[PDB]
Amino acid sequence: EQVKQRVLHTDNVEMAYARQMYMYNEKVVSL
Amino acid sequence: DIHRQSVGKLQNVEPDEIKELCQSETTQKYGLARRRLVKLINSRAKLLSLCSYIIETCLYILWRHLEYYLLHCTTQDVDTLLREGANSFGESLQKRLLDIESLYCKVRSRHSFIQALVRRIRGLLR
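Protein chains in written order, with the authors' numbering: chain e, 138 to 147, 179 to 197, 204 to 205; chain a, 1830 to 1843, 1847 to 1857, 1867 to 1916, 1957 to 2007.
Honestly, the hints are just simulated from the structure, not real lab data. Incorrect hints may have been included.
As the list claims (entries may be wrong) - Listed below are the simulated EDC-like cross-link pairs for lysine to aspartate or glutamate, each with C-alpha atoms no more than 16 Å apart in a straight line:
1. a/1887 with a/1830
2. e/141 with a/1982
3. a/1838 with a/1852
4. a/1887 with e/138
5. e/141 with a/1897
6. a/1870 with a/1849
7. a/1880 with a/1857
8. a/1870 with a/1848
9. a/1870 with a/1843
Stated by the list, open to error - Label pairs and their calculated CB-CB ranges:
10. a/1833 with e/138: 22 to 30 Å
11. a/1887 with e/142: 20 to 28 Å
12. a/1833 with e/186: 50 to 58 Å
13. a/1895 with e/193: 43 to 51 Å
14. e/138 with a/1850: 39 to 47 Å
15. a/1970 with e/196: 46 to 54 Å
16. e/182 with a/1891: 42 to 50 Å
We treat Cβ as the ideally placed atom computed from N, Cα and C, and that holds for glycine.
Working from the sequences, and respecting the hints, build out all of it.
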């Protein structure tokens, strides 16, 4: 079953969107 | 085959037959027969699951070894590999795998993982 679980297991733009989500999270504590 | 057949014989449990039926293990005879047949049922279930494992593992091992041995072996070997590989995993093998996975796997695993591994083995093979 572990073998099977492992089987099912087997950038700049992102950095920008990620900072955006960071700010969103801060606010929540429109994407 | 022996498994489905033993299962049938068990579900149809009811001297030569009684002698050969106790020989690998009327009321005590019937009980002994239920015992031996359930024992063989378990042995078959175990050889079967062990099969499933051997197959799935061998698939993983071959996949990784081949990806490394053709995609990343700095050089005949990779070419002969593609050749003997399209040769060995002829459709007989793959259809056998899918036939089995339909025969037994649907009743023990929610995932026809063998189907997926077959797909990917083909996709790296072609």
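Taking the hints in turn, this is what the structure says about them:
Taking the CA atoms of residue 1887 of chain a and residue 1830 of chain a, the gap is near 14 Å; set against the 16 Å cutoff, the hint holds. Distance hint between residue 141 of chain e and residue 1982 of chain a is fulfilled; the C-alpha atoms sit about 15 Å from each other, no more than 16 Å. With a C-alpha separation of about 14 Å, the suggested pairing of residue 1838 of chain a with residue 1852 of chain a holds against the 16 Å cut-off. The straight-line distance between the Cα atoms of residue 1887 of chain a and residue 138 of chain e is roughly 15 Å, inside the 16 Å bound, and the hint therefore holds.
Among the hinted pairs, residue 141 of chain e with residue 1897 of chain a is consistent with the structure: their alpha-carbon atoms are about 9 Å apart, no more than 16 Å. The suggested pairing of residue 1870 of chain a with residue 1849 of chain a holds, with an alpha-carbon distance near 10 Å, which does not exceed 16 Å. Our distance criterion of 16 Å between C-alpha atoms is met by residue 1880 of chain a and residue 1857 of chain a, whose separation comes to about 9 Å. For the suggested pair residue 1870 of chain a and residue 1848 of chain a, the alpha carbons sit about 12 Å apart, so the restraint of at most 16 Å is met.
For a cut-off of 16 Å, the pair hint linking residue 1870 of chain a to residue 1843 of chain a stands: about 11 Å separates their Cα positions. For residue 1833 of chain a paired with residue 138 of chain e, a C-beta distance near 24 Å keeps the hint of 22 to 30 Å intact. Evaluation of the 20 to 28 Å hint for residue 1887 of chain a and residue 142 of chain e yields a pass: the beta carbon distance comes to about 21 Å. A hinted range of 50 to 58 Å holds for the C-beta pair residue 1833 of chain a and residue 186 of chain e, which are about 55 Å apart.
Against the hinted window of 43 to 51 Å, the Cβ-Cβ separation of residue 1895 of chain a and residue 193 of chain e comes to about 48 Å, which satisfies the hint. Between residue 138 of chain e and residue 1850 of chain a the beta carbons are some 41 Å apart, a value that agrees with the proposed interval 39 to 47 Å. The hint said 46 to 54 Å for the Cβ distance between residue 1970 of chain a and residue 196 of chain e, and at roughly 52 Å that hint holds. Checked against the hint of 42 to 50 Å, the pair residue 182 of chain e and residue 1891 of chain a passes, with Cβ atoms roughly 44 Å apart.
Every hint, counting from the list given before, is met by this structure.
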